[PDB]
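In the form deposited without ligand HE4, a lone chain appears below as structure tokens.
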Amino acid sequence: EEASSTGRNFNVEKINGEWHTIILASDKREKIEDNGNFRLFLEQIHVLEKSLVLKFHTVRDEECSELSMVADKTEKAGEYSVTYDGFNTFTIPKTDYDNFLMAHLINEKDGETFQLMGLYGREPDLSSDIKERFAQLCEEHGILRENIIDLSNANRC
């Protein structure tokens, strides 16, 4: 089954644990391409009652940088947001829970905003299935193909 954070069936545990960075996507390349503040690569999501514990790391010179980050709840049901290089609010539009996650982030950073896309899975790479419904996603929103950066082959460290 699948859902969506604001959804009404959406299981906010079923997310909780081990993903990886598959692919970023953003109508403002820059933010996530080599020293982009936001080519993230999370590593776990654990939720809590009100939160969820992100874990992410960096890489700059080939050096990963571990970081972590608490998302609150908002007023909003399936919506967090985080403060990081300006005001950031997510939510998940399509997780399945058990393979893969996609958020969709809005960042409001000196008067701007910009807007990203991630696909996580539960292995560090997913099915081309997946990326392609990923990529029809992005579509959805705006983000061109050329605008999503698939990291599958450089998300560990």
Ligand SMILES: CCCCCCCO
Given for the second form:
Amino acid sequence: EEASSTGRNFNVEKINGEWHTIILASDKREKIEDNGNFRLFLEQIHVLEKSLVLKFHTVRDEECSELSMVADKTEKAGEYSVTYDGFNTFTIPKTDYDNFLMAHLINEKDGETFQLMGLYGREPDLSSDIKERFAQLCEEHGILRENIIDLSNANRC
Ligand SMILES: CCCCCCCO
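Show the form solved in complex with ligand HE4, please, the one above being the form deposited without ligand HE4.
Up next: the whole complex, starting with the chain shown before.
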């Protein structure tokens, strides 16, 4: 079964646990390129009553660095916010809980904004069919494939 965090049947407890960054996409490509602040490799999501604790690592000069963030529920069901290189809000438009999680995020910094979309998998990679469904979701948000970066060959430390 599949759900969206904004849907009535969403079960947030089911996204708890191990996740890996498979693909990142953005309408401001520099944010997810090699030294971008948003080129983040997810490791796990810990579901709490009104928040999510996100564990990531960043990479630089082939060196990993851990980082944890707390995302708080906002007034809209299925939406969370977190302060990181500006103000961010995100939702999960589509997940099947057992294989993939597709997230959509809006960042606001210095009076500007950009969209980030991420495809996360329970394993370190996903099938080509799920990757295509993700490309279709990015297209629905005005993000060209040339702005979609598959990181499945670089998500391990
Ligand atoms: C629990 C999913 C983390 C949201 C990250 C934003 C998509 O790149």
